[PDB]
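Consider the single chain below, provided in structure tokens and representing the form deposited in one PDB entry.
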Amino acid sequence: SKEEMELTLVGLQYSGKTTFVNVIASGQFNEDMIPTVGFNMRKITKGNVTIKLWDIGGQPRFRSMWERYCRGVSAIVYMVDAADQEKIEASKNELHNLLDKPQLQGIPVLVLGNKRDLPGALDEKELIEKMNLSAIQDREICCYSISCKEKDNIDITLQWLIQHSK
């Protein structure tokens, strides 16, 4: 039977949001940076499942809107550059800040430690520890190390998403 789900994709700028959307939509990786925009809604169909994906700007100027775009969705995907050690603390802070918002209560969160292909990229345990993901207790939370460039764990990411297609 047909399913329709909505996902919101947030995380700091340069974490890989737009790249990830394109890998999910087409299977193709882009090395180039598409310019950053406040929002972009795309519909991606995977067989019987239609995914309405909100790709949300991660620059400081867009972050106050993250909550509004996350409201009512099937799952929040939180993109992290697992290779950019300097930005992990800010990435962490924005995640926990976002999940303080009561209208987001209970919505499943998938944290993606992107750029696994790069030297020094954090794995699941390392990202879970550095981002204090164990502290997130009101909802289902999952973390995967992925590479949009080499495809590692794109399959399981999509599987996780479909399992939350409602």
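Residue numbers count along the first chain shown, from 1. The term rigid core refers to the maximal set of C-alpha atoms that superpose within 1.5 Å between the two forms. Compared with the form deposited in another entry:
- The only C-alpha among 131, 51, 141, 107 that moves by 2 Å or more between these two forms, given a superposition on the rigid core, is that of 51.
- Relative to the superposed core, residue 97 undergoes a C-alpha shift smaller than 2 Å between these two forms.
- After superposition on the rigid core, the Cα of residue 65 moves by 2 Å or more between these two forms.
- Core-superposed comparison between these two forms: the Cα of residue 28 travels 2 Å or more.
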Given for the second form:
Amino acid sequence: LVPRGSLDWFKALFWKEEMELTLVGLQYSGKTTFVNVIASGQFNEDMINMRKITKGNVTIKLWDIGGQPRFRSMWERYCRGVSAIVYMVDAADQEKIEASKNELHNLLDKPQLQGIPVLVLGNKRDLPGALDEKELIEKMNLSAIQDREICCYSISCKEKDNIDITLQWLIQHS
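If the structure you just shared is the form deposited in one PDB entry, then what does the corresponding form deposited in another entry look like?
This part shows the chain on its own.
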């Protein structure tokens, strides 16, 4: 009996969805850690920087943003058709926020990606002084993003905090 409403409950629901997503953000933001949590440490991975993660009916295109200039266009074009963009931010690394913001805004400035919902995740909320979702909406200038649905949650992969509401949001955007 999988406690209804538990994290395992949402994980099960999530993986059965036929869904493509991109998971992208600066290196060290917690993207690999996040996949490991939501996939319960079991998933398929194929290199394609870019990783194609598969589990259930779900495919995740995982990549670190701000990589080689020659591959940037290729990675952003590889995101065409996804149901959602999940943008991971290290909410406790104040000095990387400006780079994180600028890469997000440059990404959402790409044509093939028009209208795709974005979920910004302020990861590492467990660390003292980490930005909360209100502060991140502010520091990331999320209000400037007007041609799409954008949402922002404060989460902890380490303490498995708000991972459930993240899965629910993703399921809603199948």
